[PDB]
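*Asks:* Here is how the chains run, residue by residue.
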Amino acid sequence: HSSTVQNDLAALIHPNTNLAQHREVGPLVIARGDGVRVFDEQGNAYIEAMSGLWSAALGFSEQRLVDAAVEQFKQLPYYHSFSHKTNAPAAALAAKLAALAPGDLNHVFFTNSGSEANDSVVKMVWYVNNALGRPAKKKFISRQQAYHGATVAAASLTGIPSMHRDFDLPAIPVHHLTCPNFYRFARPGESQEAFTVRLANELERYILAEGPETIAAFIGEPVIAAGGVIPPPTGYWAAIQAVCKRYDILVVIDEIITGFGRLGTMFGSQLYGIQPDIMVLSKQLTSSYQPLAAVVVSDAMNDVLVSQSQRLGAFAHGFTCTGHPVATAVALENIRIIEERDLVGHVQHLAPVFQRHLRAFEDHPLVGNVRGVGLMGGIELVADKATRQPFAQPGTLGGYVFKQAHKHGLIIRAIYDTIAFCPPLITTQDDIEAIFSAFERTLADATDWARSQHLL
Amino acid sequence: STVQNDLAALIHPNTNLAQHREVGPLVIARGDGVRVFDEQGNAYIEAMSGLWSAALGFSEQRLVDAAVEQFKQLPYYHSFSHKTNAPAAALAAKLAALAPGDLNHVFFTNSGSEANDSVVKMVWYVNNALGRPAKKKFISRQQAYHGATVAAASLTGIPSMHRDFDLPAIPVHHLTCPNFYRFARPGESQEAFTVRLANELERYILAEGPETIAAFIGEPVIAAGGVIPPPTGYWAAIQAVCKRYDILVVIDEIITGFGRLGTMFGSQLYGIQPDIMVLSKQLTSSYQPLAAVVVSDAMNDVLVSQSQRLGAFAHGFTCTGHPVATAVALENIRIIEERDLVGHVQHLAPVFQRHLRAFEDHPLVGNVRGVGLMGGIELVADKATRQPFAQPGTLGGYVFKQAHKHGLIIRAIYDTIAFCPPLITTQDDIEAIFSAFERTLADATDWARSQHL
Numbered sequence: 004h005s006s007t008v009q010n011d012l013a014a015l016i017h018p019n020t021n022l023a024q025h026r027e028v029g030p031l032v033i034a035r036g037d038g039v040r041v042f043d044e045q046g047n048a049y050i051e052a053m054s055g056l057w058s059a060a061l062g063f064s065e066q067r068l069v070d071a072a073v074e075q076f077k078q079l080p081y082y083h084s085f086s087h088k089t090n091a092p093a094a095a096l097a098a099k100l101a102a103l104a105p106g107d108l109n110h111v112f113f114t115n116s117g118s119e120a121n122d123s124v125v126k127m128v129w130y131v132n133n134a135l136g137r138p139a140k141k142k143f144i145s146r147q148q149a150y151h152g153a154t155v156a157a158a159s160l161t162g163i164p165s166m167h168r169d170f171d172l173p174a175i176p177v178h179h180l181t182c183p184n185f186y187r188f189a190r191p192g193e194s195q196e197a198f199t200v201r202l203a204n205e206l207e208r209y210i211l212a213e214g215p216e217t218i219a220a221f222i223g224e225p226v227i228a229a230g231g232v233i234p235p236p237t238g239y240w241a242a243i244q245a246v247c248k249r250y251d252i253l254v255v256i257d258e259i260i261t262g263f264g265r266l267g268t269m270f271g272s273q274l275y276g277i278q279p280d281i282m283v284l285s286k287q288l289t290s291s292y293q294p295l296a297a298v299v300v301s302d303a304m305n306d307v308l309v310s311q312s313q314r315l316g317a318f319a320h321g322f323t324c325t326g327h328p329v330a331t332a333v334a335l336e337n338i339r340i341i342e343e344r345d346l347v348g349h350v351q352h353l354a355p356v357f358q359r360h361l362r363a364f365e366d367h368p369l370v371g372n373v374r375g376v377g378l379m380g381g382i383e384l385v386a387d388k389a390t391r392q393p394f395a396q397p398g399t400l401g402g403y404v405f406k407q408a409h410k411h412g413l414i415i416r417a418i419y420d421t422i423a424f425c426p427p428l429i430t431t432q433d434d435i436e437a438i439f440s441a442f443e444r445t446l447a448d449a450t451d452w453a454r455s456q457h458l459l
Numbered sequence: 006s007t008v009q010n011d012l013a014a015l016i017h018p019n020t021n022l023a024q025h026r027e028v029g030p031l032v033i034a035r036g037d038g039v040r041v042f043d044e045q046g047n048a049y050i051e052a053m054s055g056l057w058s059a060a061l062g063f064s065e066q067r068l069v070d071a072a073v074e075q076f077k078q079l080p081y082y083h084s085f086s087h088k089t090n091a092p093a094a095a096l097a098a099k100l101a102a103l104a105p106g107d108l109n110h111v112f113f114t115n116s117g118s119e120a121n122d123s124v125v126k127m128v129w130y131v132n133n134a135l136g137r138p139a140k141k142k143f144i145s146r147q148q149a150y151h152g153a154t155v156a157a158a159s160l161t162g163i164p165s166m167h168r169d170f171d172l173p174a175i176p177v178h179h180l181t182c183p184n185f186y187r188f189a190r191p192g193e194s195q196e197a198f199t200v201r202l203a204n205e206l207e208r209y210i211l212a213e214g215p216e217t218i219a220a221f222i223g224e225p226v227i228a229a230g231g232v233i234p235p236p237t238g239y240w241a242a243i244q245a246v247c248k249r250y251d252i253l254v255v256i257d258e259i260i261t262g263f264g265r266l267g268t269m270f271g272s273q274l275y276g277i278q279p280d281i282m283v284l285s286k287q288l289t290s291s292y293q294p295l296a297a298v299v300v301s302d303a304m305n306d307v308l309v310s311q312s313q314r315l316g317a318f319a320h321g322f323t324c325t326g327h328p329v330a331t332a333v334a335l336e337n338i339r340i341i342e343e344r345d346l347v348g349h350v351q352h353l354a355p356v357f358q359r360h361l362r363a364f365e366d367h368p369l370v371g372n373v374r375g376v377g378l379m380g381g382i383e384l385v386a387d388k389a390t391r392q393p394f395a396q397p398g399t400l401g402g403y404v405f406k407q408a409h410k411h412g413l414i415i416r417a418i419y420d421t422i423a424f425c426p427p428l429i430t431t432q433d434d435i436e437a438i439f440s441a442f443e444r445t446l447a448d449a450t451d452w453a454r455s456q457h458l
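Chains as they are written, first to last, in the deposited numbering: chain A, 4 to 459; chain B, 6 to 458.
Treat the hints as calculated values from the structure; they're not laboratory data.
Here a beta-carbon is modelled for each residue, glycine too, at the ideal position from N, C-alpha and C.
Quick list of in silico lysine-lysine cross-link-like pairs, DSSO-like style, CA-CA up to 27 Å:
1) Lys141(A) - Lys142(B)
2) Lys388(B) - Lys406(B)
3) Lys248(B) - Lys141(B)
4) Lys99(B) - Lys77(B)
5) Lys141(B) - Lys142(A)
6) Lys141(B) - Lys141(A)
7) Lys77(B) - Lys77(A)
8) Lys142(A) - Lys142(B)
9) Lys141(A) - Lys248(A)
Only part of the chain A face toward chain B is listed, based on derived beta-carbon distances under 10 Å:
10) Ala34
11) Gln78
12) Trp129
13) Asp171
14) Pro294
15) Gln313
16) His320
My request is simple: use the sequences and hints to build the entire structure.
*Replies:* Spelled out as structure tokens, the structure:
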């Protein structure tokens, strides 16, 4: 027990942690960062194959981000954006994001987190529809296994059952479509194109049952990340958009994870041909070196927001650190770096090698499914490959892989019994070989451990 | 280029977005102690510390140094799945020690809004765990401010924050605003007002059913709703009622925290023992986005017992416990303690309050109120009848704009002028503030005649 461990154990409530287990096993203290690696307090190295929380695009020791922070700290360490006040980095970053975003996504509202951002979206949509004299048009459509944040509103949009348990969620009008997961929900011999068609029919039937005039918006990640790295089936996004367009339902695309090159395009929306009305960004926006998120909205949306100020006085919504000069300065440098080094290009060239390494595990006895796009992938472990069936208590094996991978210098994320990989954009071919080498040893240990636990 | 960029692409918080297209932004470029400078080089005394937040002013190098030091070690890591970092852990322990009572467990967020949102979820979670599914309603107050997320803004009780947002969206009741000047009956004492306010709460609980009411939330002093200190005895009475019906007491110190009222926490000044305390703003002087929820041992025990059967506390933000933001909070608090800035406020408060009170007999001023280094000057149309103006906020709106021409940034809360200067404010700064305000108020007296009110 070091000073940090004693302090942690006394006083710190951990997010997304088994708080009871935590009292027994205690924390793992991370002390230092170096490229795609982080080091614990004892000096052990770990390849961070998840970029932290899908977030650390430029790795854990990019000096240029520190420099951008330092530069801005010396000018103006803090000011707000209320009552017409602004600062240069926020304004520049707004314009940058307006330019990068497809279509007429040209207006930016800043928050600290993805959660706050999605919460802001819910409020904006309600506000807009009230302004347009459509009081009934307020319901959001999401999907099972979606993740959209942790505030009451955002977590309501979230569709992972464990994130709702005992939190009285959803607490706002939300309907969750089935998870677009071909491996799990496709019928025998059904094509992806046919699955897409059923998924789109599911959406349309729901709209018609509820009444289109009651449905304001659809929200979705291009690829479902925290829900188990589930890429969409072929044609999914074109079908979903066509239905939304037919019934005047806003399309809200959550690129909190997919944004800034993760899928081999700057935004996942480009890869899947999505034209959002609203796009939400965070994480790789700053490599999480600073808390920042952005809501980008259409000119149409913005026009309604503005027309509301005409009759209501002010847009009565904001956070203290909305537009923080340091956080936005860091985002600007982060984006400069991604463009200048063509890291989107790098991902396109690295993706096939990353995916090939993933696919290598298809024929493993424990592996039921492998899936991935760009530089994000998942390996789902199952009890029986024939019946694609999960384990007695899902997450037992994944939980073990998560712990055991540490002993081989690897940090991954277990989503129940799916192992997730989302390495930094600066990952090299050599880093990939190191990751999967370490994972192969972990999976060997797991194969042993699973037999002695009589799980298979 | 900043203005063109702003006008093209930036949706401003808490701004008239239509007016913004016409007048455009004011670009703030540089900071120096209690001053900020625009792009054109004009100086302004920031008598609001930004948003009640910049405790150590706008150019404290030690905070930058703490940030830089931490950036070079570990610029980012998360606190999920048992992971931790040294600053987060140290800050948790520090806050656990500073907080009164058995407030010993800390959960970190980026904002006050997220923090209060977390509180709502924690309370619901705990009551579900303890087999009380109906016990979920929050009690707040008119003019309260608790944040801008759907849930937090629902707790907020400023009507303009709800307009056209379909809020509240969760079970909440708003008590009358504890504002003696405004809502006392003729010749009523503060002690009597408090008694009615406490009775109001109790009778509401009994009418709704105590088994449906989970928690009370309140700022010790209502800040954003118009710098409204509680009436005498208020907090003792409110606590007694809450205790009687097993209603959690949640104290929002997002603004009052870290010396603002002349004690480290406002809870100490007013003898409040919270079950839950919420902190932000002055926690980092807003140099980094950070907030903290501090909870009792009892609360925490239930959170822990839930992990035993659910497998996880299924709540978190990416930047929960951010090593840089927490590092900065630690240094910020170290600085407040080392310089005894709580002590500084105690010695400066009487001078600050005296300067405020000087305006009591001004023709435009109906009421002056304040505690510690927070104050408000409420402008009215008639001092006799304590009556507001035709459209509230017209005069205050003018004072806000006009003060800029005299190098002063304040905040207009409708027609109440708010003052919340940095903890590092000096006696000289105070004289400069009120000097500039006196000129502003003179301009306002002229402007009010020509507008016929």
